[PDB]
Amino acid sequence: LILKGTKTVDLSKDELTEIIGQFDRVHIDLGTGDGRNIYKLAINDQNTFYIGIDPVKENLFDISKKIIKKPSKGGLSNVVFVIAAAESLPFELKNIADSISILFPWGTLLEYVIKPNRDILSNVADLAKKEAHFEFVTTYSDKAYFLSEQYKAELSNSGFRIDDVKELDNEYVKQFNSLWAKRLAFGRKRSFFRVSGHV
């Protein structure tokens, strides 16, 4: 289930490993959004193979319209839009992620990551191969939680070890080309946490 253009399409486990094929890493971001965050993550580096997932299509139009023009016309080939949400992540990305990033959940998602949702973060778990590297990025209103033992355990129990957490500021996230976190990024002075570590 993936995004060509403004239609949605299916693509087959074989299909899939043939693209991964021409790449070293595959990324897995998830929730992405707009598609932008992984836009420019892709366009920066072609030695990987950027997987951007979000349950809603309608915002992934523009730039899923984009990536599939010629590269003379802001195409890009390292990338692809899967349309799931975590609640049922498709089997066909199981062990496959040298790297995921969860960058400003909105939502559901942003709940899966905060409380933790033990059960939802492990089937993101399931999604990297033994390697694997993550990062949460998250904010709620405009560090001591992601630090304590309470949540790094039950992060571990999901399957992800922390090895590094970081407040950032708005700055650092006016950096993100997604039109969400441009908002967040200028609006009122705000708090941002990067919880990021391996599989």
Given for the second form:
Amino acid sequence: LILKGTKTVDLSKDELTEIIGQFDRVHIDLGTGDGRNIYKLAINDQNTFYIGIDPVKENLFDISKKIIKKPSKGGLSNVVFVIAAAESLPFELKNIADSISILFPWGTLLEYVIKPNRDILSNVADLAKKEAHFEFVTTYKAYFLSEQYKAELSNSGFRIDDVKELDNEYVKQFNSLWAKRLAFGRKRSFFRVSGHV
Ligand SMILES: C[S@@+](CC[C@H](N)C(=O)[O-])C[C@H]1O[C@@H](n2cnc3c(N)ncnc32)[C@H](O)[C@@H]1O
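Hand over the structure of the form solved in complex with S-adenosylmethionine; the form deposited without S-adenosylmethionine is what we had up.
Now the full complex is given, and it begins with the chain already shown.
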């Protein structure tokens, strides 16, 4: 289940695999929001295939509409938007990504990261290949380096290598409206848990 314009269509494992073969790397942005972060990402890295996942199709309408245009007028070919929720990822995404990403999640995806939820998180790891990079940027440090958290994450397939506390400046490289509200909002701490699956 993917987004063509503001339309919902069907993509097979078949067609996905072809599209993918034309790119050196595949990247998943779970909880992608409005596609702006991905769009920026895709425009600069034409050798990475990008997949954004979000169950809320309406926030993607504008960019989904934009990526579908001609390349002369804003179109892109390295971007697909999947409409699925973290608690039921499509089978066609197993063992597919070189790097997975969960940026600024909220509601339940925030909790699945923070708690963490071993079962759901494990499905996210399942979307990843051999030694695929990962990245988790939450925001509301010592909690993330705890042993209970680090080992709750291993258990799911997520091996922590680095854990930085970040600030507003870091968030300026992102394009979503949400990320801008936070970048130029009040001073705040953003947390980044990166590593290999
Ligand atoms: C703050 S917006 C994310 C913004 C985008 N990731 C960014 O960094 O700008 C929160 C997003 O998380 C998504 N979300 C919350 N729970 C989710 C879940 N369980 N599975 C997938 N997406 C989820 C919502 O759909 C929403 O689009």
